[PDB]
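Just one chain follows, in the form solved without the ligand, and it is written as structure tokens.
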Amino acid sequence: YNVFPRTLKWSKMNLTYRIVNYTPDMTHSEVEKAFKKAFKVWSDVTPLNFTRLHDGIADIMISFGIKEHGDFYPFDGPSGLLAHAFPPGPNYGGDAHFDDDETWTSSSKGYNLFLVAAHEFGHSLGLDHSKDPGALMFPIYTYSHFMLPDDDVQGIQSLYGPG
């Protein structure tokens, strides 16, 4: 027999990502900075490294879309679903999609892109939702400096080990 195997973790430490397109709500540089900082959340406590590609295929393809956007997991307009990401694997595996019917910001006016991305990239690296209300990986959004909670540190190091 065969079951559907789940790439619990990336079998490689050096991963690439690409920002495929951009939300209207923030400057290109603000978006790039938020995503860079969201990966650094994870790379800071593991041996994982992330390098940005500007074209072609990367392990982690990042994009903004609305409603049905090419994976049959449609978004739902403002509020509700904010973003989703696929667990590690080929093709859509690892990819992160953000609902461009939300208002994204570098601040508190709408949804903080950095924080949601940080959460999403946790899914891209193999983490599930946490039960701990204080965990970044908790399924509920809440809003200058960010410290990865111990619950998330333990979860990700259980997959990849410490840096």
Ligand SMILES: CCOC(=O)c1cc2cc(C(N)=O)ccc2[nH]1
Given for the second form:
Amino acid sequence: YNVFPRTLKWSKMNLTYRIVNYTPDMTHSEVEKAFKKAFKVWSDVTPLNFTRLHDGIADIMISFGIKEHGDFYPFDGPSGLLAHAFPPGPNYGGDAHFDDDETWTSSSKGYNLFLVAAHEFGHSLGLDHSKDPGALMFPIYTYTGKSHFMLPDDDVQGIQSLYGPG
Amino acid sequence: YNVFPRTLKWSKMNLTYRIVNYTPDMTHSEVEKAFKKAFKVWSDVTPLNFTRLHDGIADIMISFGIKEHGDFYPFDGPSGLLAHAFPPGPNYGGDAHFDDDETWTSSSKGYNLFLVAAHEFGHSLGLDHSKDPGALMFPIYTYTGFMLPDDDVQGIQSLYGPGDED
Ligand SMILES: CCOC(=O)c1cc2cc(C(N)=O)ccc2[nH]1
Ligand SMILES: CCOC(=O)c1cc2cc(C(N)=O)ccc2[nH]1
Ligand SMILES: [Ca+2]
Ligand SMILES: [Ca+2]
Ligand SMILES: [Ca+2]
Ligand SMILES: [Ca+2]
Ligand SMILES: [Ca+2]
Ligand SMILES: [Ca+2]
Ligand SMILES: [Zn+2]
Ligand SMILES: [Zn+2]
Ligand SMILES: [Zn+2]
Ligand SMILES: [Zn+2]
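Return the form solved in complex with the ligand of this protein as a structure block, the form solved without the ligand having already been given.
Below, the chain from earlier opens the complete complex, with every other chain and molecule after it.
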């Protein structure tokens, strides 16, 4: 017999990402900074490294879309689903999609892209939702208001159980 | 924290299904009986339970379609592809589609709906194809006036355990 094997984690520590397109809501620079910071959340506590490609195929393809956007997991207009990411693997695996019917922001006027991305990249790297209400991987968006972010121990332990410490 | 499971499986033992529409070829009752019996093949050897929903969103959405029918796997008219099902997951995950350009039957004529469905639900639950020519999960259709072969028993129990063994 055969089962459908899940890639519990990336086989390699060096991963690439590409920002395929950009939301109207923020400047290119703000979007770039948010995603770079979101990846750094996870690379700061593991041996994972992330490099940005501008062209061609990358491990983690990032894009903004609405409704049906090419994977038959359609978004739903404003509210509800904000974004989704595929677990580690080839092709769509690792990819992260953001619903552009949401308002994305570098601050608090809408959904903070950095925070949502950091959460979604968790999925991209092999983490499921946490039951710890304080964890980044807890399935509820919140915005602290503070200009610095500390990855909670629950997420540190989860990601390091897959990849080890930095 | 939680990491993603080792292989594609349902995280719950109680699953729902919905027969979204019906083939012209068989009565409603015949179709319901075939699907009910196909689920029992798997519930009989695991702790899984299946409950039918008449409307709304079920884990395993069942439908008959032709050609393009809402996914990346268009059917192809008579012969060739008969059916397909998606591995456990959200949305289209677990769903099973049957090509209604085929003749579906509750006999040895045409394609026996029970047998094809029993195979497709294997996929819905996380089994891929087996190399065992006599396995239910063998990819090529064959007709039998059922007992689940051991290869399939071992596969499905590797995912969900045996349930009540006697
Ligand atoms: C609905 C999916 O869940 C998130 O998108 C999500 C964002 C987020 C931010 C924090 C935080 N500000 O620490 C904690 C948990 C979080 N979950
Ligand atoms: C979509 C094509 O349907 C199958 O792939 C398929 C049905 C089937 C029935 C038996 C059996 N007679 O038990 C064995 C193997 C089988 N494979
Ligand atoms: Ca990818
Ligand atoms: Ca939405
Ligand atoms: Ca927007
Ligand atoms: Ca066909
Ligand atoms: Ca489904
Ligand atoms: Ca037909
Ligand atoms: Zn998507
Ligand atoms: Zn999430
Ligand atoms: Zn289909
Ligand atoms: Zn198959």
